[PDB]
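Q: The primary structure of each chain is shown beneath.
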Amino acid sequence: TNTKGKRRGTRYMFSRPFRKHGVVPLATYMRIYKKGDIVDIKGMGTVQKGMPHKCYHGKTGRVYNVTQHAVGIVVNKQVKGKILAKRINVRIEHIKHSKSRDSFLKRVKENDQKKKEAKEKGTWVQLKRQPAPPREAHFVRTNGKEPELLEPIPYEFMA
Amino acid sequence: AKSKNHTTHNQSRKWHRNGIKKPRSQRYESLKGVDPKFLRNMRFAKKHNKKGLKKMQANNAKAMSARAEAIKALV
Amino acid sequence: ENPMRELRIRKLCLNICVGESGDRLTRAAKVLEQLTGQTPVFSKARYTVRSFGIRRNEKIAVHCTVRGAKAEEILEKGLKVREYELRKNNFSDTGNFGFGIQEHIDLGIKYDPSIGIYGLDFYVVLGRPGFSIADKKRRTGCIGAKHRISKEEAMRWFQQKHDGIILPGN
Amino acid sequence: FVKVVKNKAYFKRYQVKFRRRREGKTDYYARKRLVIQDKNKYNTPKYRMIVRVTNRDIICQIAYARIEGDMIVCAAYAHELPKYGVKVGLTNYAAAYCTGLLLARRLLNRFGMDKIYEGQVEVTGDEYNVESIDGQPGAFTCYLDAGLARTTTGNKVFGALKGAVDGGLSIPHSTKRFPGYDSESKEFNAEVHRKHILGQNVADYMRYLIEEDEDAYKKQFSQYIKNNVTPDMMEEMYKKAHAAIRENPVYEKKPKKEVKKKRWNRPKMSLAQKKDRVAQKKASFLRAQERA
Amino acid sequence: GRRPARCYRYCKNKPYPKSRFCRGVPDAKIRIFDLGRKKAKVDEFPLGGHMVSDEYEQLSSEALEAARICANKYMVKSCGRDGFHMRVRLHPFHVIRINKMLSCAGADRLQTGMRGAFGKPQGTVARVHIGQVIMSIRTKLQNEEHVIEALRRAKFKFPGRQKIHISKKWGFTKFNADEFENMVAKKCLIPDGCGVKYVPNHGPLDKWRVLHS
RNA sequence: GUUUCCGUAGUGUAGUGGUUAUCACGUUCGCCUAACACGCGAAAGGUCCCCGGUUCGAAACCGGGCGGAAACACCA
RNA sequence: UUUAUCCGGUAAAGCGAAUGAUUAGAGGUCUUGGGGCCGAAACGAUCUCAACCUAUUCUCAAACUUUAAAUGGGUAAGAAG
RNA sequence: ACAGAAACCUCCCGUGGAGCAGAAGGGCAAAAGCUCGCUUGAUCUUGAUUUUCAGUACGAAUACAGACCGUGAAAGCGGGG
RNA sequence: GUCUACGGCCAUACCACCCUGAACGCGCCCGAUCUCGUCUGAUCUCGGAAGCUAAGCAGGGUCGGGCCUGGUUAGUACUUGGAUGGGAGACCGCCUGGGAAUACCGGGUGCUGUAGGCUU
Ligand SMILES: [Mg+2]
Ligand SMILES: [Mg+2]
Ligand SMILES: [Mg+2]
Ligand SMILES: [Mg+2]
Ligand SMILES: [Mg+2]
Ligand SMILES: [Mg+2]
Ligand SMILES: [Mg+2]
Ligand SMILES: [Mg+2]
Ligand SMILES: [Mg+2]
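Protein chains in written order, with the deposited numbering: chain T, 2 to 160; chain b, 2 to 76; chain J, 9 to 178; chain D, 3 to 294; chain I, 2 to 214.
Take the hints with a grain of salt, since some may be wrong.
Below 27 Å or equal to it, Euclidean Cα-Cα: the simulated DSSO-like pairs (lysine-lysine) are [said to hold, decoys possible]:
1. D/284 x I/208
2. I/208 x D/277
3. J/19 x J/118
4. T/43 x b/22
5. b/15 x T/5
6. D/19 x T/21
7. b/33 x T/78
8. T/83 x b/22
9. T/78 x b/15
10. b/38 x T/87
11. T/36 x D/41
12. D/277 x T/100
13. J/154 x D/8
Since the hints were made in silico from the structure, they are not lab data.
Using the sequences plus the hints, can you model the full thing?
A: This is how it looks when you write it as structure tokens:
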């Protein structure tokens with residue numbers, strides 16, 4: 002049997018990456034979070050107060066609370082089946098803004114724009130994304146060379 | 002009388018037979034867990050919305066008649 | 009011609025190591041007191057050694073740092089006991105130098121049958137204007153590449169202010 | 003010989019410090035403590051009053067911290083004080099007052115508040131603490147930033163703070179280290195702050211070092227003998243600045259456009275100009291030593 | 002003494018290197034990984050003969066022992082005591098274990114069977130991959146056949162199979178042998194006793210100034 | 001193989017809690033004796049088994065090993 | 001499953017990158033030694049072996065790591081916008 | 001100077017090779033290390049959440065809020081390590 | 001062109017040495033009356049303005065070490081799936097997809113934020 006300890010096996014997880022042991026860069030606690038914002042937890046060794054727990058390391062969740070230097074945040078945690086939407090309290094040093102959201106809200110700001118315009122025209126524009134289509138028959142042109150002849154090369158034991 | 006000591010063998014089958022359910026989320030989730038100084042204030046904000054309903058109602062008819070004028074000036 | 013490369017004394021250090029911790033040390037504290045004019049600090053032991061009779065955090069020596077004008081006045085009246093002559097390996101790689109004396113009465117000091125004869129350790133940290141860059145608090149820095157006092161630059165310092173005869177052979 | 007400490011491996015594993023600590027300028031712990039705002043606010047800035055008595059001039063400036071680099075809302079230097087009749091001694095504790103007084107008034111004329119919270123007027127050197135006015139805009143608040151100054155009693159950094167507090171800024175300050183605090187009875191004289199604020203620590207030095215000997219005078223302060231400053235006058239130099247600063251604080255920065263734009267830096271040498279310097283040597287080496 | 006090499010032939014368990022975590026290891030049997038004239042120069046021994054493994058297996062310390070000796074003996078011979086250099090390129094590094102021989106006296110009364118099955122160190126063993134070299138010899142280009150036969154005899158002290166191969170390098174370096182003389186004059190390569198130092202167009206110019214001077 | 005116990009002067013053995021090392025014998029030198037004993041005075045002698053760690057400091061406190069010893073290996 | 005986007009320290013790799021092992025020579029009175037041989041002795045000469053280190057080289061690590069996959073885990077792809 | 005591989009003093013190099021009561025593992029440099037001065041946030045009081053998990057306790061922990069304070073120019077930090 | 005004050009990302013910024021810095025500043029620097037601190041005005045605190053770019057700092061320079069990025073190593077090592085494929089076995093080949101790391105070669109060497117200067 003193994004030990005239930007809160008920081009078991011994190012020997013390699015919470016470890017500051019490389020050539021970064023030291024002062025936390027001050028930007029990381031001067032960006033703002035407000036309820037609704039989506040956040041990806043990523044623990045960190047230097048700050049021990051308010052750490053998450055290793056099963057949330059790498060997970061995302063939205064924000065529901067904001068205290069003086071921590072953020073209440075709801076993530077999903079799968080347990081033997083049933084997924085429990087549970088809310089944890091994590092100090093800011095272990096948190097980033099997830100740009101996972103931000104591809105859309107840029108497809109949105111552009112979709113809303115491309116619909117307000119081209120509405121004075123009435124021309125229906127492709128608003129939906131659409132997966133990578135078949136590559137659309139074209140030409141190839143060799144100019145004045147035949148292709149280069151390739152031959153499988155004779156084996157020889159290198160060692 | 003030795004026995005098997007553990008396994009997660011067909012467990013994936015079992016808890017996926019009723020199809021692991023992402024927790025059904027409604028709008029308007031509970032405020033339980035938010036810091037008291039927020040609520041202890043936002044309840045006073047909510048409790049006295051009505052004191053100041055006269056401003057809200059007349060100022061609503063102002064924009065309602067200014068945009069009944071904006072949609073009629075278009076006509 | 010050198011604007012300010014005036015090789016001058018930054019400090020003069022005195023040390024009386026007497027691994028005895030009490031009398032023979034409380035009396036040696038008046039020697040540097042009388043000779044300099046400033047209360048000397050009591051040093052203590054780094055850790056215990058058996059064969060020497062010293063214990064951890066037990067007081068061993070008493071030392072002093074004299075700078076400014078009174079540092080030239082004890083470096084002078086220092087040598088002239090060694091009669092203005094030193095050895096090649098006293099001028100270190102870093103531009104300092106040091107000479108021990110054997111008896112503290114030959115420095116113009118009154119001898120008592122109680123207050124015995126403890127020689128001391130003269131060491132002299134040569135400097136140059138702009139050396140406190142290392143020691144300050146805001147915006148510290150390293151002292152260039154030149155502007156550092158070499159073993160040979162500190163040699164002919166002493167050959168040109170106290171006219172030493174610095175003698176070769178270990 | 004020895005083992006070479008600075009190996010190839012020393013530099014491969016060596017992680018540099020944060021730059022502003024290489025230059026030895028920034029205490030970021032005590033900047034993390036000072037600057038970051040609580041996330042019950044999420045946008046409202048946290049102002050600091052910065053004072054860096056340099057070597058010759060006392061800089062004052064108020065800043066909040068953004069993520070691109072803290073922006074400066076208002077800066078007031080000590081080398082602008084000659085406009086208000088202070089010619090000399092502008093790294094001295096008396097002048098850090100006028101700098102911090104200027105800074106406070108030049109900040110309070112924007113946001114239209116120069117007509118309220120003027121703070122102490124004449125001068126006392128006592129406990130003053132602006133109390134925001136009901137029905138009016140709340141008083142301005144910031145927190146003194148000492149930087150790297152060992153803040154023992156009398157040090158000008160939080161002595162320039164007394165200038166801002168007298169100007170109308172609500173900065174939480176004690177008096178435990180204002181010049182005048184008696185570190186053996188734990189109280190105030192408050193008439194020692196009288197002198198130090200108006201320069202009588204420099205006047206009474208200017209009066210001991212006149213009767214005792216000359217030529218120490220005129221070497222300790224020549225530009226105080228030149229420019230026709232004297233004792234019995236210094237107190238009535240800063241008492242005019244304290245009034246002249248507070249009637250017009252606004253800056254009128256001098257216009258600037260003349261420069262012909264020459265380059266007396268030295269440019270970076272291109273690739274091929276290094277690439278031939280070798281092969282410009284090694285033809286001077288070869289040719290030379292294939293003779294003798 | 003020791004179980005036959007059968008039981009410890011395959012690489013089953015993760016490497017068990019001698020460290021603070023296993024101790025009391027009996028010192029490896031093979032000790033001297035190179036003999037002959039290891040005081041040779043690169044300029045006088047141009048024949049990199051190899052003995053390359055063809056199977057992913059283990060080699061006992063005592064096997065590398067006999068394989069070296071029996072090659073020292075068909076060498077200094079036809080070659081002479083000076084005319085070669087032999088390298089063993091597998092240091093027995095991984096520690097092999099033995100449950101404690103299930104020792105019993107008489108018929109028996111008890112042994113506990115498997116409780117604490119974990120056993121003691123018994124010896125050491127080399128890990129070998131396909132296409133990885135075991136032994137390498139270098140002599141004069143004159144003496145090729147005697148490298149082939151000296152390595153051919155060492156195969157018979159080894160389990161599994163291994164091909165004998167003559168390298169295109171010069172002696173023990175990494176440099177293709179058709180190119181050595183060219184990279185020696187003009188000094189892309191500088192003799193360094195056995196090996197050789199590849200000097201690039203990288204360093205300070207004075208480092209050159211020594212050469213071509 | 002499992003579980004215990006020790007190692008200290010030439011020898012057998014004390015000893016402490018982490019600041020010191022004993023006793024007895026042996027031995028060396030004198031003294032008595034005609035000469036040995038006996039007796040009386042003085043003497044010199046051990047990394048405190050080999051190790052690494054903890055500690056201000058280990059002979060003594062831990063961990064490993066080496067040597068000498070003791071106690072279990074029952075139901076068929 | 002795509003499209004974005006974070007998370008990861010396993011296989012492999014590396015050890016002329018840390019830690020830990022480890023072979024060889026060249027280089028070094030580095031230091032120093034313990035033996036020598038030629039020396040009264042002498043960093044004198046020549047060796048030698050030890051330990052270190054200056055460029056190198058052979059081979060390794062489950063309780064080592066500069067690097068670093070594959071499979072894989074989060075979210076997000078709107079009207080509760 | 002006595003002083004030797006070790007006492008004491010001085011300069012230079014020193015990314016951490018030390019230290020952080022203990023096992024290891026992480027973390028740490030005008031620090032979390034060492035030295036001083038002032039102290040009792042190791043105090044009183046509701047809830048919320050994390051950790052083992054049935055998503056029960058106990059233990060331990062994380063964010064708050066309300067009091068009384070300690071400290072510091074202050075921002076802050078502190079309800080054991 | 002550049003600096004000073006406060007910075008962000010934290011080596012393309014470090015380190016080693018070499019050369020050049022007009023004016024503003026930054027500094028070295030000169031003193032201990034007061035404030036404050038020391039065994040020592042050495043550091044810290046304070047009053048200064050006689051000197052100098054000697055150094056820090058800035059700017060460059062090095063077939064420089066380091067880092068940052070590309071190429072190669074290599075479609076190699078490894079791997080998701082697949083077969084009544086091979087092999088006594090170790091292991092190996094192919095199909096369907098993904099795809100690294102050194103040594104070895106190149107290129108680069110701090111970008112900027114706000115507020116103030118100087119080159120008027
Ligand atoms: Mg069974
Ligand atoms: Mg501070
Ligand atoms: Mg793992
Ligand atoms: Mg509280
Ligand atoms: Mg603590
Ligand atoms: Mg001075
Ligand atoms: Mg300069
Ligand atoms: Mg210069
Ligand atoms: Mg380079």
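Q: Taking the hints in turn, state whether each one holds.
A: Now the hints, each set against the structure:
{"no.": "1", "hint": "D/284 x I/208", "in the structure": "holds (12 Å)"}
{"no.": "2", "hint": "I/208 x D/277", "in the structure": "holds (17 Å)"}
{"no.": "3", "hint": "J/19 x J/118", "in the structure": "holds (25 Å)"}
{"no.": "4", "hint": "T/43 x b/22", "in the structure": "holds (25 Å)"}
{"no.": "5", "hint": "b/15 x T/5", "in the structure": "holds (25 Å)"}
{"no.": "6", "hint": "D/19 x T/21", "in the structure": "holds (9 Å)"}
{"no.": "7", "hint": "b/33 x T/78", "in the structure": "holds (20 Å)"}
{"no.": "8", "hint": "T/83 x b/22", "in the structure": "holds (6 Å)"}
{"no.": "9", "hint": "T/78 x b/15", "in the structure": "holds (18 Å)"}
{"no.": "10", "hint": "b/38 x T/87", "in the structure": "holds (22 Å)"}
{"no.": "11", "hint": "T/36 x D/41", "in the structure": "holds (11 Å)"}
{"no.": "12", "hint": "D/277 x T/100", "in the structure": "violated (44 Å)"}
{"no.": "13", "hint": "J/154 x D/8", "in the structure": "holds (20 Å)"}
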